Amino acid sequence: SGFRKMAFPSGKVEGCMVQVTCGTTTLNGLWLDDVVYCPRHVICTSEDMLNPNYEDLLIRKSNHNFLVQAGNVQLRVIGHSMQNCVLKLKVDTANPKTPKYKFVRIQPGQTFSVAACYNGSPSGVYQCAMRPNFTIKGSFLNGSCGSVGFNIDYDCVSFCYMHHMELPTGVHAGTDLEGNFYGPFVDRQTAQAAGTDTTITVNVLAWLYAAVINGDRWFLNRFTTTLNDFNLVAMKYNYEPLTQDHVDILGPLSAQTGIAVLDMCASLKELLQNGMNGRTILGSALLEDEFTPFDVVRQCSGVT
Amino acid sequence: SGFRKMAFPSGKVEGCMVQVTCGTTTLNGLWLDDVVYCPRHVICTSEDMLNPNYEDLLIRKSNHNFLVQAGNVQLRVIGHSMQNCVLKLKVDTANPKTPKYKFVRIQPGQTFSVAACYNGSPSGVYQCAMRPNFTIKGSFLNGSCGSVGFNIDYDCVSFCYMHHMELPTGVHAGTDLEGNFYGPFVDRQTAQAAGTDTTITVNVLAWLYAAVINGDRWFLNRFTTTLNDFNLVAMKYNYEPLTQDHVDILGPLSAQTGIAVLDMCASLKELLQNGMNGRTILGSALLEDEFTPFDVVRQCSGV
Ligand SMILES: *[C@@](O)(CO)[C@@H](C[C@@H]1CCNC1=O)NC(=O)[C@H](CC(C)C)NC(=O)c1cc2c(OC)cccc2[nH]1
Ligand SMILES: *[C@@](O)(CO)[C@H](C[C@@H]1CCNC1=O)NC(=O)[C@H](CC(C)C)NC(=O)c1cc2c(OC)cccc2[nH]1
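Just so you know, the protein sequences line up as chains B and A, in that order. Counting in the deposited numbering, the first sequence runs from 1 upward without gaps. Counting in the deposited numbering, the second sequence runs from 1 upward without gaps.
Since the hints were derived computationally from the structure, they do not count as laboratory data. A virtual CB, placed ideally from N, CA and C, is assigned to each residue, including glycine. You may find that some hints are simply not true.
According to the in silico footprint, chain B covers these stretches of chain A (three or more CB under 8 Å from chain B) [to be verified]: (1) 122-133; (2) 137-144.
When the alpha-carbon atoms are kept at most 27 Å apart in a straight line, the in silico DSSO-like pairs for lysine-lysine are as follows [unchecked claim]: (3) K236/A - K97/B; (4) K137/A - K236/A; (5) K269/B - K236/B; (6) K61/B - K137/B; (7) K102/A - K90/A; (8) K100/A - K90/A; (9) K100/B - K61/B; (10) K61/B - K88/B; (11) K102/B - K88/B; (12) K137/B - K137/A; (13) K97/B - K100/A; (14) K97/A - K100/B.
Only chain B is shown next, with the shape it has when bound in the complex:
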């Protein structure tokens, strides 16, 4: 047993990380087949990033202005195009380590693994949750842009995040692999502020199902509730409202424990309104919200 913040094995993503450089600006890129994906601001000088006109900055760039390196080995750029805030660079070599992959735009509350990369070399792996305000509580240093977030189902790597920005509050913002930012952020060198964050309700409920599975079930009450009533109450406590998809992904945990989702909602609502009464859940007085229902099942039944 045991419950930990767990990342996916990073080997399949490691073989795809490369370094992209324009002039002196360097960051990370994702090499899949014969295309490298990286943040478009690599074409900016330090001064350009303050108020960049990317369309104009890109028209002054040719394939030969782009330095793409796998390690110290260069991959000649034979084509380039801009898709939203991501740059796509066609290279003359298909990545022999390209895994089965796809690009996905995740929802708030969903978790993914981040391969922290520097100069095209991953340095650490850790799991992140997309906060409801479209930030992630990551750990990123200078030169980390281009780091990607991913999940692995079966043998297919689903890329969902590429790093771009650190906010003044210390949290982080980025895009999907199609260059579309998560949240209302832009790739400018400007102090941008995210919206007020909230607790990921679906993940809190998954954490409660995790407790029940392990014999910690003192919090189960005899009431039930409607989805609408719970949402209205949940927002009064800074909790995100549940969707139909939330109820459905809680299905397996509901069937495994025999506790209907709306019953657990009624239990969680009582915890929100009355507190923990000096008690703990899974050895904690804090309600954990960065464990998705899939993380709970995967850690109560290790799948690979």
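Following the hints, position chain A with the ligands against chain B.
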């Protein structure tokens, strides 16, 4: 900026994990060069695991009794030996993906990355610390035996742990790659307790420095303490004593923040006597002790 429990990239280890089956028992193995290391209880049966005479059970085994699968290929075992609790399976093929590696014995309070594997296929990576009582608080299910813990220095993988056991308390026990258990544990099917679990003081202080580097300072105070007077209080709370080496290792963090180590100790002493009320540090409601000073320096340098 930011601070997160973070493991090393697992690619180099993934290319080394294999599946080892003996009779009706399957677990993970580590394929380096022409040898596959795994827990020796894979040779045991249901009745053997209760009190196995491993030397007795091992000699009655043949190379063909061992099914070593590396993906869709089966490796031919051409030799079997035993080094303490680690069974060594010689194979006719050397692992092409063998990286630069060494076998090291981790010290208590030090951290390592764990590649949790099942049926020779890794499924998750997370960081652990070797607790003073020589257990680790991991996440392991049935079939996780053979999983390894490691660190990576440059291009060298330092293997330091192989998983064997989950104690009745939910914690986990294992060996180094020489088959020597961490702690007073034994690879038999018995319920085993560990010593009293003390807190890794130097790690808690590093983690306090990380909180300051990241904008958290509500726990600081104007007071200072001597090393001994802090250790008096710390030991009273089942905290490991702080040594001058620990003080020295914290230097970089103290310089970066401008907070003397003994000033942080005065803060920790207050936290231990008053508690945190309802407040949290770096999002946690407890004092985290599984971050080493090096972990903090690596994530907070320049921040
Ligand atoms: C390996 O997977 C075994 O091949 C591993 C799995 C454990 C159990 C689920 N999570 C893990 O980490 N180890 C064992 O099953 C181990 C086998 C050898 C004898 C060392 N035994 C235990 O972990 C074990 C035995 C007992 C026990 O007795 C019976 C009473 C309480 C707890 C306990 N754990
Ligand atoms: C990339 O590595 C640069 O390519 C970098 C990642 C950060 C470095 C430290 N931690 C990180 O996550 N990204 C940036 O530097 C971006 C670049 C934009 C998209 C052009 N900008 C910021 O992170 C940034 C700018 C400002 C700011 O202004 C100036 C004010 C406050 C915060 C802030 N962050």
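Do the hints match the structure? See the list:
Chain B is given as covering the segment 122-133 of chain A, and this holds because 5 residues of the stretch bring a CB closer than 8 Å to a CB of that chain, at least three being needed. Residues of the segment 137-144 of chain A lying with their CB closer than 8 Å to a CB of chain B number 7, which satisfies the three-residue condition for coverage. Distance hint between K236/A and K97/B is unfulfilled; the C-alpha atoms sit about 54 Å from each other, more than 27 Å. Note on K137/A and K236/A: the hinted pairing holds, with a Cα-Cα distance of about 23 Å set against a maximum of 27 Å.
The straight-line distance between the Cα atoms of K269/B and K236/B is roughly 11 Å, inside the 27 Å bound, and the hint therefore holds. Restraint check for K61/B and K137/B: the C-alpha separation of about 34 Å exceeds 27 Å, so the hint is violated. Distance hint between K102/A and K90/A is fulfilled; the C-alpha atoms sit about 18 Å from each other, no more than 27 Å. Our distance criterion of 27 Å between C-alpha atoms is met by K100/A and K90/A, whose separation comes to about 19 Å.
A hinted pair counts as satisfied when its Cα atoms are at most 27 Å apart, and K100/B with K61/B does not qualify at roughly 31 Å. Between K61/B and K88/B the alpha-carbon distance is near 13 Å, which keeps this suggested pair within the 27 Å criterion. Distance check on the hinted pair: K102/B and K88/B sit about 15 Å apart at the alpha-carbon level, within 27 Å; holds. As the CA atoms of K137/B and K137/A are separated by approximately 23 Å, the hinted pair is consistent with the 27 Å bound.
With a CA separation close to 20 Å, the supplied pair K97/B and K100/A stays within the 27 Å bound. Proximity of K97/A to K100/B is assessed by CA-CA distance (about 20 Å); at most 27 Å being required, the pair is judged to hold.
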